[PDB]
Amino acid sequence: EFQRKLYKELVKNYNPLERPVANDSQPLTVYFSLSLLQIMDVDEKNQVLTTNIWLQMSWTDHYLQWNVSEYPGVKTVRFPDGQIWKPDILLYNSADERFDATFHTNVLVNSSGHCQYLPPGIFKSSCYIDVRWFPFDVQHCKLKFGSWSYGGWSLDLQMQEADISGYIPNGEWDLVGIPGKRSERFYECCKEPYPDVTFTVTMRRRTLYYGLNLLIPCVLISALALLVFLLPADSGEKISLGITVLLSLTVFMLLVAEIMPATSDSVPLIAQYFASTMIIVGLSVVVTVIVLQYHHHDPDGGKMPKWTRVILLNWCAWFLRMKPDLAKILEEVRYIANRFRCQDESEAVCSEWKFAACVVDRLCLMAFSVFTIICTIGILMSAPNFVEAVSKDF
């Protein structure tokens, strides 16, 4: 009976259009905060953050007060959308096609006029997602909230610290924090300033998944490329090993292509690693052609230059620790024996060329191994967060 009586009394002459202050000249203080429940998605290609949040707004309605003695037991009332004045706070940097994903719930008012409003929502927000250091990256995505049509002279927006006590951890992203800042900005539309409250979600990517699924795979497959410098040339499979690894790594680059944005602010760390690896595998194919060209050198073609004979067979090789009818019969048998001698000297020349190929193959093995290690270590450890990622995730 008292709840029915109070609801009838409170809506007498109430105008939801009217900002509920007693003195029309002063601004209404609105306290704004949020409660972050979940980070649902970090879409790097579209540059969008999806979160489950509960907005928190609280203010004082001058007209919605009563004396609890005259209504025993009725400490609070509730009003749905449209029957009560509410602040029109929107997320400025919204990426949602409706632009406002807020699910409108009740406003809870107590007997002194304090109004609480806690609409939930699945919010899509635009934030610059920097992939320069991917996958060892930290993202800072802003959520900028503010009254759309009330400037600082009418609505005095005030900030309170974000609530994370209900945050559900994300298996991919490690929540570092969510600080907030209250600013007052001027826009070209209007002489009046408009205040905003901006919360910056700082998140660290967890690198175990990409380490075991992207980085390590690539390292191992690059190592197989260097295996060509150990395969004997007579196997006749040197070129198949190298080009096969190359074809495999090309598909791998395109696999990373599906997850990275097509921006030009910087060459990402992962792009550099794949680049460096690809030229190394490609260069090994070039070297293999050179090695095969020696191993198959015609013994009756040009003559091994002195510069080759010295650099390879001596220096590099040492450094690598390698190292009447009787007369007619005599003319026929002598021709046979002489023919055997000529091929023997010819094949000796071929042995030198084959040995040169082996030396070049051993030389490039050492050089490519060093270069692969240096490029890999250098690129990965360039990231500021690489040491932290190893400690926390591995």
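Take the two forms, find the largest set of C-alpha atoms that superpose within 1.5 Å, and that set is the rigid core. Positions refer to the first chain, counted from 1. First, how it differs from the form deposited in another entry.
With the rigid core aligned between the two forms, the listed residues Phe199, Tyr194, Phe229, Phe79 include just one Cα displaced by at least 2 Å, namely that of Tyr194. Once both forms are fitted on their core, a CA shift of 2 Å or more is seen for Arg185 between the two forms.
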The other form holds:
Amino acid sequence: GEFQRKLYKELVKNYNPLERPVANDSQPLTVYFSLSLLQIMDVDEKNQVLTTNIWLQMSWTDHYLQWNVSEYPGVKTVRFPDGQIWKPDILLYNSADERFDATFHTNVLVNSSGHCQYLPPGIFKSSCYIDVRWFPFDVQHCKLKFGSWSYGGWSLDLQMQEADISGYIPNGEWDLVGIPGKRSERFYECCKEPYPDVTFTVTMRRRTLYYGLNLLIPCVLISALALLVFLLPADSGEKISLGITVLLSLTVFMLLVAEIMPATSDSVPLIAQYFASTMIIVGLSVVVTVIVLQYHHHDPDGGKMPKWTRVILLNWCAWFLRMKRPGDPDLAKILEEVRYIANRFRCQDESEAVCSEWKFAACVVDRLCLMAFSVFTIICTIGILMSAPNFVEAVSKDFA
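Please could you give me the other form, the form deposited in another entry, since above is the form deposited in one PDB entry?
If you are looking for partners or other molecules, they are not here, because only the chain is given.
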């Protein structure tokens, strides 16, 4: 249109995009800064970066970009690309992208009275600390720090407006608790000019249904399965394979969880210590199995049963468990031969009678250690799982 042609010709006359558009040089320029969260793309525990989709929102007042609507009827807003008009050089301090500023440079909407609006979108790769002490029951606080790079207090001051989450799209993995900001200043040593900035802390809680169902219940189920070795009869000589096989499966599980995990040395992760507890449990199970197997295959002609073992395992450990202890000249020569055979059979029976005691002792030890291990595994898993804060309500909100 004719009027907007005239306006665009007139406005850029003697305009320098290198100057602050303030009527008075001494007075600072007021700039309002705010966010608009749209989505959380990914939270990388291993690399400790946070990727989000965010619309910035900056606004100020321009002294020179003013006109009277009466002289230019119909036109009431104008737009300018980058470089042609002055903009605040506000950029993220916590950036982790290769280019230090990931932000699409869009148009600047201008008032008929000098008020500019700037809403550039972009995908921001922050670098925030990822606490992993209570994984997978986590609450994370990642900070985004914005502010002018080469402008001070007398240059321009920054004011905070509350973050907008009206357009938030919920994420499958993380639950957004909130996003509160704060405006703070920082004085230097030379000069008493406040240097303001705005920081936003994004707080998220991990939803634990997936990690629970895929990590914890399988591991606890097969750890409970690992106690079946104490139920097998020792005569079926395939007890060791069970223990070693479940140990191998647990090792595979551990190395995968190490794969997902980062490599910080700040604290012992809950899942890692739980896996270590299961490691020790299965190892002690295998050791006890070897002990019982040694007891079962005892040589009858070897050493005698010690009195301590006899009085402990066969008496007290049986009372505790209420387990029952289930217990003519040639005529002389032929007589001697038959007597020899009978005596040999008697000796064989007496020798076999000894092995029964050892086998019963093996069964008793097996039952006792079964009970002890079954109690211990439950105690350990319950204590470790419930030791984490943010567990009861986490499970109540996820699994229910």
